Amino acid sequence: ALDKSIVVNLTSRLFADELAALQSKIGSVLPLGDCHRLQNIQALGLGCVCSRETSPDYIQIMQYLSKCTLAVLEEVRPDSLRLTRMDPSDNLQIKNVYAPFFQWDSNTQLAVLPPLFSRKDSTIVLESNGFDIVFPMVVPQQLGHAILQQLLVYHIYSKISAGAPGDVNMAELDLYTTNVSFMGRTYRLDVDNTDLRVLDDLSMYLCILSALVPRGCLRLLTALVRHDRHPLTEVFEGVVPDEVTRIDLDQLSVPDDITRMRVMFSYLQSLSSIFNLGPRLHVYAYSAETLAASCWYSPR
Amino acid sequence: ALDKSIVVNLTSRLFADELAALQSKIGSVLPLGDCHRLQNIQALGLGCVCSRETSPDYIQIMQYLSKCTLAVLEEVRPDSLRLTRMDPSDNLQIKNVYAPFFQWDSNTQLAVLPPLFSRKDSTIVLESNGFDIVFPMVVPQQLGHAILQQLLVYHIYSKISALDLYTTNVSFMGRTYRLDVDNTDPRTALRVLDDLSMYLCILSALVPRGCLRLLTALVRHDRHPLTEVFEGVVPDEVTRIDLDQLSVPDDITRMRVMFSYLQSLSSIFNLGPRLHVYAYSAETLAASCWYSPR
Amino acid sequence: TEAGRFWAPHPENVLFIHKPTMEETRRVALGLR
Amino acid sequence: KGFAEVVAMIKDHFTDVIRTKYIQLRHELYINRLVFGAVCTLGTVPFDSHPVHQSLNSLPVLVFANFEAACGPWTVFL
Amino acid sequence: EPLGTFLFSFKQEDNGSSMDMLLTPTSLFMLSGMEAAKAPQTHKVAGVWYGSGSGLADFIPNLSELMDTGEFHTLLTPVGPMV
Numbered sequence: 002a003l004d005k006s007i008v009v010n011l012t013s014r015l016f017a018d019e020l021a022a023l024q025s026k027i028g029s030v031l032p033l034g035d036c037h038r039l040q041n042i043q044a045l046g047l048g049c050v051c052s053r054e055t056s057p058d059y060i061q062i063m064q065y066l067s068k069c070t071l072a073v074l075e076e077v078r079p080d081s082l083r084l085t086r087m088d089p090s091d092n093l094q095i096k097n098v099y100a101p102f103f104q105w106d107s108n109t110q111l112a113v114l115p116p117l118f119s120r121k122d123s124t125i126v127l128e129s130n131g132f133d134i135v136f137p138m139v140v141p142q143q144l145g146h147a148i149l150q151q152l153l154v155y156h157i158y159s160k161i162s163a164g165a166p167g168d169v170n171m172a173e174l175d176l177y178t179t180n181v182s183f184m185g186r187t188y189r190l191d192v193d194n195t196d201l202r203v204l205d206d207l208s209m210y211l212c213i214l215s216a217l218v219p220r221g222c223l224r225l226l227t228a229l230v231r232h233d234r235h236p237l238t239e240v241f242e243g244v245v246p247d248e249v250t251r252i253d254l255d256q257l258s259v260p261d262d263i264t265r266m267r268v269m270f271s272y273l274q275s276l277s278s279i280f281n282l283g284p285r286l287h288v289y290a291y292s293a294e295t296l297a298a299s300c301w302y303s304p305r
Numbered sequence: 002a003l004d005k006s007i008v009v010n011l012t013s014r015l016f017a018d019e020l021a022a023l024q025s026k027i028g029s030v031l032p033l034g035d036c037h038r039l040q041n042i043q044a045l046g047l048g049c050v051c052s053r054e055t056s057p058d059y060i061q062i063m064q065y066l067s068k069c070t071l072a073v074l075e076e077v078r079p080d081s082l083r084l085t086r087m088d089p090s091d092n093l094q095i096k097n098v099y100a101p102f103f104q105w106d107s108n109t110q111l112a113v114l115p116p117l118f119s120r121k122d123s124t125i126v127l128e129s130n131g132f133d134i135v136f137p138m139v140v141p142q143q144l145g146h147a148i149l150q151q152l153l154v155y156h157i158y159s160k161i162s163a174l175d176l177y178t179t180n181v182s183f184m185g186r187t188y189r190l191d192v193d194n195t196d197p198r199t200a201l202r203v204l205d206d207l208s209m210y211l212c213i214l215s216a217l218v219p220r221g222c223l224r225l226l227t228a229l230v231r232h233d234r235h236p237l238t239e240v241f242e243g244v245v246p247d248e249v250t251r252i253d254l255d256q257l258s259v260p261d262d263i264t265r266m267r268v269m270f271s272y273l274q275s276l277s278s279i280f281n282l283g284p285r286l287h288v289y290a291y292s293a294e295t296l297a298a299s300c301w302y303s304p305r
Numbered sequence: 018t019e020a021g022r023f024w025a026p027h028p029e030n031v032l033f034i035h036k037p038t039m040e041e042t043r044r045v046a047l048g049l050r
Numbered sequence: 250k251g252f253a254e255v256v257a258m259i260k261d262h263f264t265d266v267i268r269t270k271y272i273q274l275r276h277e278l279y280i281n282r283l284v285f286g287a288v289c290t291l292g293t294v295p296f297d298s299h300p301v302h303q304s305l306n311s312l313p314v315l316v317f318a319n320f321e322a323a324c325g326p327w328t329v330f331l
Numbered sequence: 084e085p086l087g088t089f090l091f092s093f094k095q096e097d098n099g100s101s102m103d104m105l106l107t108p109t110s111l112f113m114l115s116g117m118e119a120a121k122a123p124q125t126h127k128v129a130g131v132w133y134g135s136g137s138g139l140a141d142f143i144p145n146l147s148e149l150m151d152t153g154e155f156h157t158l159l160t161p162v163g164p165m166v
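Protein chains in written order, with the deposited numbering: chain A, 2 to 196, 201 to 305; chain B, 2 to 163, 174 to 305; chain C, 18 to 50; chain D, 250 to 306, 311 to 331; chain E, 84 to 166.
Honestly, the hints are just simulated from the structure, not real lab data. Some hints could be false.
Unchecked claim - Calculated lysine to any residue pairs in the SDA-like style (CA-CA distance at most 25 Å, straight line): (1) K94/E / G292/D; (2) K250/D / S56/B; (3) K96/A / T55/A; (4) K121/E / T328/D; (5) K68/B / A323/D.
If we strip away everything but chain A, and leave its shape as in the complex, we get:
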């Protein structure tokens, strides 16, 4: 009964060269900042948040994707693009054109992640309007929870080698991070170490936890002595390192410690949700020769 169609108009006609790149990916999943059918160009990519002049972000993109509505290309006509609307729990079809090429199989869980690789793999620059559309990095969830991790480790040891040369070996660092094993197969990713400014914010947060967490959990153990202590917490005293238990908490004052504990939790819920919950969808059928995967979208 309900009708859904998203038709984006433009001001100027497209070039003949840029039409072949949009015909290259006739099936894709774009993000889209509005739910209405008629819309301007400035929302349908990631150019609304991420740009060249602005500093590249991870988290403000990941805040954006869960808030944003997804859409799928059907037909590219100059100049009026034709997207199709994504509904909560709706069955539709996806062709998988994303650079670099990761292999999709059926009964995997698709996790939409922001692009953190090079530019020419991710985006297609529209010279007619002067605006950049950016296609997101669609990666299966177990890769997407692992392709981020080895790069985020790689960004830390890049910050150590730039501050001190003797602590990090490059051959130890390259061989263990840029090679990703999944489904029995391997993938050698593009490092782009030519100058990873995307993951600098996550490299700040996880480290600030790593100093404050063992400072945090000592005070939270000793403050909770009861006759009604939960009995599993008696076991986890053996898990904490012995060096952690030897903090003199007299050194930090009470006005310092309230600032720490509010800093302690406030990073935790802001960091947990940006690993956990984004626009994430399922696929029940796949064919390698047609490159078409029937999908269905589950919000939240």
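For this one, chain A is given, so just place chains B, C, D and E on it according to the hints.
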């Protein structure tokens, strides 16, 4: 298709006093117990768990709030209250009359919280029927977290006392607020803290050594806007752990487990059912949103 | 009564030594010996 | 009960299983061993439908009328 | 089967053209190998649908190592009931 309507029988004619407050809040969200058309007034209030003589425990009240269905008022007739229903996933009009006022816009996100600032303002008592009605508070998700962040910190530092400016004040851009703590039952707010001692000391065992060495290179000279927590001095503990040499495939096994336990901290910092607002009108104070499932 | 539930924090058996009855049985046994 | 309660409720069911395992790691602490369990969401059931007991071959088997499925992620509880 | 059981799609690597591996919860009780007293009913029933536990262990040789590092909950995608 589907209908949604709850009309509430009531055994006494309401006074003109209490009807003026109910006419003031014609667009409001209150939870209620059962799923029927006809309903007694003893389920409409949130005060079946939060009464006056009972000491309220706002974690258990918030724990209560995810169970119940939520409902929006349509009319206040002088005998029968009339409400409409919220089911996942359905688009519906919502209108904020909520008294500690915040400003929304299109493409914002919400949550439903128990009243944590002024109970006497956000609850009206019905002297005609003898049963009182308690209204929850709708909050955008950033302050939806940030009030629960302060209340978990507060029960930590009331037990050590066995002063108030650091423990009872929820911070936000432009405003500061006062939490309502005079009588709080800590026992349901401490079991959440009992699980926090479980997760946080496990995360202190699998700490990445390179990400500790990053702060020893950072906070001594390289000062950044968001590292002002340490005030320029390293903690004494961080110098002790970094005596080992760095190696990559140690941290690869560690950082995946660091990743996997931060998946668990969703379950302890949960809000109620969330509300993803797509269109909000400004001068009318109406909105439009789809109710999320729990 | 399960193998995985062996080291329960509150198991069903509780020691209860009645110290008055234990001293009287020591002292008679130290009288004969 | 909603997702915020049952994660605390599943910990009370598996209390003994947490305790009998973690006696071992006072001696050997392997970070690979610390992962314990996971919880998925198999989809909703409507309220007040009676699960009806059956018998097969014996084997007693419950049944849920009006079941609908909605798969979710695996989140690591401990 | 009683035509309404719950399922799981275990996945390791596409080795064949189209061969798939499905796990009923009676079958996953056999790959587990726990004691009889944890589930005193299904152990008799799941012992007669299959062998002693090596008929299914031949397909996954890593069942010792998939339990140590803890990757087994990442390889199951819940499917639903039979039709």
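Output the indices of the hints that this structure fails to meet, ascending. Per hint list: single violation, 3.
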